[PDB]
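Heads up, the chain below is alone and in the form deposited without the ligand; it's given as structure tokens.
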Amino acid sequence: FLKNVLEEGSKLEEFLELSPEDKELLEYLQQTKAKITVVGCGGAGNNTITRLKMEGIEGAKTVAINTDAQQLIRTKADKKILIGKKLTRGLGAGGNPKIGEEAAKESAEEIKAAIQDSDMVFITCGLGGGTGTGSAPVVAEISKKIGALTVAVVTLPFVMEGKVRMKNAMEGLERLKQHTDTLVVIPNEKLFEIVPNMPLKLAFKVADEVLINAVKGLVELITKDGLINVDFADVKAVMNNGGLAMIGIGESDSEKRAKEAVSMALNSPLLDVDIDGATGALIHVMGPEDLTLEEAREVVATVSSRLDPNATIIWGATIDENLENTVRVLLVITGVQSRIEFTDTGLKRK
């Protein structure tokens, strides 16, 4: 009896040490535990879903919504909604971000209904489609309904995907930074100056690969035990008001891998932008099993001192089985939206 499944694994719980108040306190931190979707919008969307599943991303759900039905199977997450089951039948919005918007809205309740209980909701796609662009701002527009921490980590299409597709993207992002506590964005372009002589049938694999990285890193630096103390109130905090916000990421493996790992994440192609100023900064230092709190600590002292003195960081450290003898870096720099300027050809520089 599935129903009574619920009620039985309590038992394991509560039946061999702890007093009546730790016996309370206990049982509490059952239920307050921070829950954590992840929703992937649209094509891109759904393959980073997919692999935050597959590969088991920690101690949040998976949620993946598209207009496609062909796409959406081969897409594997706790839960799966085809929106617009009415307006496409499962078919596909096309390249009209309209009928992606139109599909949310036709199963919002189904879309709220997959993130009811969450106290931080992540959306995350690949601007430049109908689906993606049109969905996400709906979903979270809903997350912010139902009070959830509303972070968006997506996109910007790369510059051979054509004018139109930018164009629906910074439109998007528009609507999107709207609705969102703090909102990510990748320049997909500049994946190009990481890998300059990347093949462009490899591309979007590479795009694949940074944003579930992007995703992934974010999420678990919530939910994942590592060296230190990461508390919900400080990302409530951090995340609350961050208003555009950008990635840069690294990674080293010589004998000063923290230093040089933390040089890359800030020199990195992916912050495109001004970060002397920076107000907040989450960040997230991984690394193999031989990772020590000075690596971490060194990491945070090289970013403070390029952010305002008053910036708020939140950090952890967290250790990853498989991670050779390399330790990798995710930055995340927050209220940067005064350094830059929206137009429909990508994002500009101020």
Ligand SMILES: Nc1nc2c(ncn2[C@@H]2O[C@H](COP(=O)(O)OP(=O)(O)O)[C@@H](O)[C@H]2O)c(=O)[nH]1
Contents of the next structure:
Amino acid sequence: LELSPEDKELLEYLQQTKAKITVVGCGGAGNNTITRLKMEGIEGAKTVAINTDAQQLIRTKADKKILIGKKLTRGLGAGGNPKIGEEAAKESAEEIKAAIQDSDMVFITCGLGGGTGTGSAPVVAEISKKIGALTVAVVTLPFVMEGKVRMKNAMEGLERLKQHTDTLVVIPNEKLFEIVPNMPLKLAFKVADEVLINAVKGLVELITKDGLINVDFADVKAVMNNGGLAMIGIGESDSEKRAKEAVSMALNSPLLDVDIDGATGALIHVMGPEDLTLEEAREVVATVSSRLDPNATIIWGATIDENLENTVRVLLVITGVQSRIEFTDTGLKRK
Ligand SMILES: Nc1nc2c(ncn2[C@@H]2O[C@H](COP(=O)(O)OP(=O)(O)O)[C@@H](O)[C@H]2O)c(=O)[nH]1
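The structure above corresponds to the form deposited without the ligand; please provide the structure of the form solved in complex with the ligand.
Whole complex next, starting from this chain.
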């Protein structure tokens, strides 16, 4: 490429706004998330799948696969015991470290409540912190119908994650039943899949994807470095006032299971068809800004999704909500 000294300096500036990003999916649900991200083609991110279960791991699609606890469970799994998942991850700590080495940002994703995910996720998070990466977890809490043991295990895992994350994005699966009431559990998991994909892919591609408005990693780091506890809101609309309806739906999302007045920061990803305008994106941001505390630090981007024909989708990630939430054995309680 023919490049002038001025063009080179411009390219150098744009390069330092980028980040090396790795997404790590732990356990059954985490592996399923990774497969979907790999097939759909998540932009600018390395995908790593880890599991104690060799049957689940081998059918997963990923850039890198790690069978954890080879000398512990021999590829059998963890049988829903978080202690087994934790010990397996600790055994394979060096292999996990090698796979995420030199990442500027690491996403850790799983369904909390099981053995492998609940156990290994905090270990991956600890390893990520120790390599100096911006460490973000995007995790689900189980449905109520899964039982008390699953939720108790999940909440203990959430407490361990909190010790080793910069931002902890929590998605309560139970609130999906407000979006799709009385859905069969097996199909409700498929909805949970889509939400996890939207959350992880949406956060990653806010930084990595070509957009109308691209985001500097420095600005993401400024919000997410001490993001604490975070929750998401998703909205979509294809009407005449698509942007207004999408942001309204996002702000009123059941997944935002918190008083949003306690928020100290926010990430906004506006997604639309080829006809998406800056004016539409600005309308979304202005609506969020007016609703939140005036002192909240808001970072936003806008990208074109080719799969969308007439629909604008808004992903909202609200940070610093730990002051309005209490961690209990039965789940998240509003304070
Ligand atoms: N999105 C999604 N979540 C799931 C699925 N299966 C289970 N989960 C959730 O993830 C939690 C842990 O399940 P799983 O990943 O299979 O356990 P693990 O392999 O031992 O970590 C469960 O308590 C469920 O709430 C699935 O197919 N999709």
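Take the two forms, find the largest set of C-alpha atoms that superpose within 1.5 Å, and that set is the rigid core. Positions refer to the first chain, counted from 1.
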Residue showing a 2 Å-or-more C-alpha displacement between the two forms once the rigid core is overlaid, selected from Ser304, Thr292, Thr32, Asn325: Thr32
For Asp22, is the C-alpha shift between the two forms 2 Å or more after core superposition? yes
